[PDB]
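Undergrad: Okay, here's what each chain looks like letter by letter:
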Amino acid sequence: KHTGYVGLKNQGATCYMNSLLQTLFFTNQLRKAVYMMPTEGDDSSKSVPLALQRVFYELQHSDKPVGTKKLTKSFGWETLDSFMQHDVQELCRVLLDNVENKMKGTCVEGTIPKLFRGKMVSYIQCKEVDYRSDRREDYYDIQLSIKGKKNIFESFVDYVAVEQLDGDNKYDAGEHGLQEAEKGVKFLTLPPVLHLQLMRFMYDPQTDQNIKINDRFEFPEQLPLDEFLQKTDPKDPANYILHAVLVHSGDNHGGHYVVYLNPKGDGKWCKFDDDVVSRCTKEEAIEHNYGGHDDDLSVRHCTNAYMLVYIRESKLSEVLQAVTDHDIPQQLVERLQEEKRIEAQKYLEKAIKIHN
Amino acid sequence: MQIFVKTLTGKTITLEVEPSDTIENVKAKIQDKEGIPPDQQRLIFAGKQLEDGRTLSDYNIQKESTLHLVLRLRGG
Ligand SMILES: [Ca+2]
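The listed protein sequences derive, respectively, from chains A and B.
In case it helps, PDB author numbering puts the first sequence at residues 209 to 554, 1093 to 1102.
Numbered per PDB author numbering, the second sequence finishes at 76, counting up by one with no gaps.
Take the hints with a grain of salt, since some may be wrong.
[To be verified] When the alpha-carbon atoms are kept at most 27 angstroms apart in a straight line, the in silico DSS-like pairs for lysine-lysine are as follows:
#: 1; chain 1: A; residue 1: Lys394; chain 2: A; residue 2: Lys217
#: 2; chain 1: A; residue 1: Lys335; chain 2: A; residue 2: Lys254
#: 3; chain 1: B; residue 1: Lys63; chain 2: A; residue 2: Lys209
#: 4; chain 1: B; residue 1: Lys11; chain 2: A; residue 2: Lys355
#: 5; chain 1: A; residue 1: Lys355; chain 2: A; residue 2: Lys322
#: 6; chain 1: A; residue 1: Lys278; chain 2: B; residue 2: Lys29
#: 7; chain 1: B; residue 1: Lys33; chain 2: A; residue 2: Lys281
#: 8; chain 1: A; residue 1: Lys476; chain 2: B; residue 2: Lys11
#: 9; chain 1: B; residue 1: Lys48; chain 2: A; residue 2: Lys312
#: 10; chain 1: A; residue 1: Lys548; chain 2: A; residue 2: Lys322
#: 11; chain 1: A; residue 1: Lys355; chain 2: A; residue 2: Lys378
#: 12; chain 1: A; residue 1: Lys476; chain 2: B; residue 2: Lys33
#: 13; chain 1: A; residue 1: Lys217; chain 2: A; residue 2: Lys472
#: 14; chain 1: A; residue 1: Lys278; chain 2: B; residue 2: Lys63
#: 15; chain 1: A; residue 1: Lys281; chain 2: B; residue 2: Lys63
#: 16; chain 1: A; residue 1: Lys312; chain 2: A; residue 2: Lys322
#: 17; chain 1: B; residue 1: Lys63; chain 2: A; residue 2: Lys327
#: 18; chain 1: A; residue 1: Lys240; chain 2: A; residue 2: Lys439
#: 19; chain 1: A; residue 1: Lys523; chain 2: B; residue 2: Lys11
#: 20; chain 1: B; residue 1: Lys33; chain 2: A; residue 2: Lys472
#: 21; chain 1: A; residue 1: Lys1096; chain 2: B; residue 2: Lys29
#: 22; chain 1: B; residue 1: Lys48; chain 2: A; residue 2: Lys277
#: 23; chain 1: A; residue 1: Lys1096; chain 2: B; residue 2: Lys63
#: 24; chain 1: B; residue 1: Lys11; chain 2: A; residue 2: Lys439
#: 25; chain 1: A; residue 1: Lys523; chain 2: A; residue 2: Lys278
#: 26; chain 1: B; residue 1: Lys63; chain 2: B; residue 2: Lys48
#: 27; chain 1: A; residue 1: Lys335; chain 2: B; residue 2: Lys11
#: 28; chain 1: A; residue 1: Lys281; chain 2: A; residue 2: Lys327
#: 29; chain 1: B; residue 1: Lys33; chain 2: B; residue 2: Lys11
#: 30; chain 1: B; residue 1: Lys48; chain 2: A; residue 2: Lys523
#: 31; chain 1: A; residue 1: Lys378; chain 2: A; residue 2: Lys240
#: 32; chain 1: B; residue 1: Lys11; chain 2: A; residue 2: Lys278
FYI, nobody ran anything at the bench for these hints, they're computed from the structure.
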């Protein structure tokens, strides 16, 4: 096809992995940093960073579907764990934390935090007693509440609005014992690359089952977030552009993952379903994945966005900067070619841990 | 000590825990307040998913730390 882009082989249940890989591969500034990670002395049967440079090199060069076989091997996984279905965001948090740890000490140290990390504040104020506490958290994604919210904007408001630590959840004022209080959360900084996880699930204890929320939830192509910052910056507005839509289809037990992307930051979108890559409309990538869509040939009821990726307008030429072979070290290139030549001559854990 | 857990709704609940508590204890203590089994719950603290077997102190969880509770949308 005239997509130029290539997909990934699915080893059994590895679509969650494939969908993530594309999302990260097209986070260009990140892909460069992976290329410059010292791995000459690493053991390929055990090196996760190596297997990533490998998948990224073939996704960039190969015109045939890339295998993710060696990547699971570097997780310390056996063949069966490649047949286990997992939450795509759970992978995101485990993999990126693993990799940020490996980049520590190298020249690309802390590249992951520079792209994905921001900060927020948690103000507590006792209702009856003069007592004000403050705490601050870092985040690499935001969990947006979905049930009952038209769109991203409303979901942010509920996130930042003022909650009530009443009755059975009073705040420990140490001296003043337990106290009714009011908690509120303001955002301090928003990262260059924004990861949103749409809380599309709940759990009922009376019935004891967890349900998928297939309700409608609207996300814009442009996401002005300045309102939710505590202090704004005029030279850098918190304006974001939609980059990736991670889509889970199915409800409850089953599942299948796909990712939609406009890698170059333009308007042209493509649908990466495992090895198949096809071009597609904006509507196919955005409106179709809003959810609550009534089971038609153009869109199924239980198919909807689960993760969204936004890139700051400001820092977007930087993040989506072009990746040539000029940015690929020669020492890497050789090692993968020699791997090709030697190849020519010839309870199950349900919790997604990486062991290397 | 008293930490914060942010449920699926988004509502913030409070948990009484010592820093020596294993994550399993914390998950089990969410089960008593929320009814969610420890199997199905994932805890996230500043981008690191919490790991059964470690303790709250190992992740530097202190008073007023907010843990984010999420589930699993499995997939293929
Ligand atoms: Ca529509």
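Undergrad: With the threshold set at 27 angstroms, check whether the alpha-carbon distance from A:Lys281 to B:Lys63 stays at or below it.
TA: Answer violated: A:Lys281 to B:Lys63 is near 39 angstroms, above 27 angstroms.
Undergrad: Taking only the CA atoms, is the gap from A:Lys476 to B:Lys33 under or equal to 27 angstroms?
TA: 47 angstroms, violated
Undergrad: Is B:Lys48 close enough to A:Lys523, meaning Cα to Cα at most 27 angstroms?
TA: 25 angstroms, holds
Undergrad: Is the hinted pair B:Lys11 and A:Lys439 satisfied, with a Cα-Cα distance of at most 27 angstroms?
TA: Holds, at about 25 angstroms.
Undergrad: Would the hint linking A:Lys394 and A:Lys217 be met if the CA-CA limit is 27 angstroms?
TA: Violated. A:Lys394 to A:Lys217 sits at ~42 angstroms, over the 27 angstroms cutoff.
Undergrad: Please work out if A:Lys312 and A:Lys322 have their alpha carbons no farther apart than 27 angstroms.
TA: 13 angstroms, holds
Undergrad: Checking one constraint from the list: CA of B:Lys63 to CA of A:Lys209, max 27 angstroms. Satisfied?
TA: At roughly 55 angstroms apart (the allowed maximum being 27 angstroms), A:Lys209 and B:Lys63 break the hint.
Undergrad: Please verify whether B:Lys48 and A:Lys277 have alpha carbons no more than 27 angstroms apart.
TA: Status holds; Cα separation ~26 angstroms.
Undergrad: Has the given pair, A:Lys335 with A:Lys254, been kept, meaning a C-alpha gap of at most 27 angstroms?
TA: 55 angstroms, violated
Undergrad: Assess, step by step, whether the Cα of A:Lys281 is no farther than 27 angstroms from the Cα of A:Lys327, and give holds or violated.
TA: Violated, because 35 angstroms separates the two Cα atoms, which is more than 27 angstroms.
Undergrad: Is the Cα-Cα distance between A:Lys278 and B:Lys29 27 angstroms or less?
TA: Given that 27 angstroms is the threshold and the Cα spacing comes to 39 angstroms, the pair is violated.
Undergrad: For B:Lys33 and B:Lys11, compute the direct alpha-carbon distance and say whether it is at most 27 angstroms.
TA: Satisfied, since the Cα-Cα distance of roughly 13 angstroms is no more than 27 angstroms.
Taken one by one, the earlier hints fail for this structure at numbers 1, 2, 3, 5, 6, 7, 8, 10, 12, 14, 15, 18, 19, 20, 23, 25, 28, 31 and 32, listed in ascending order.
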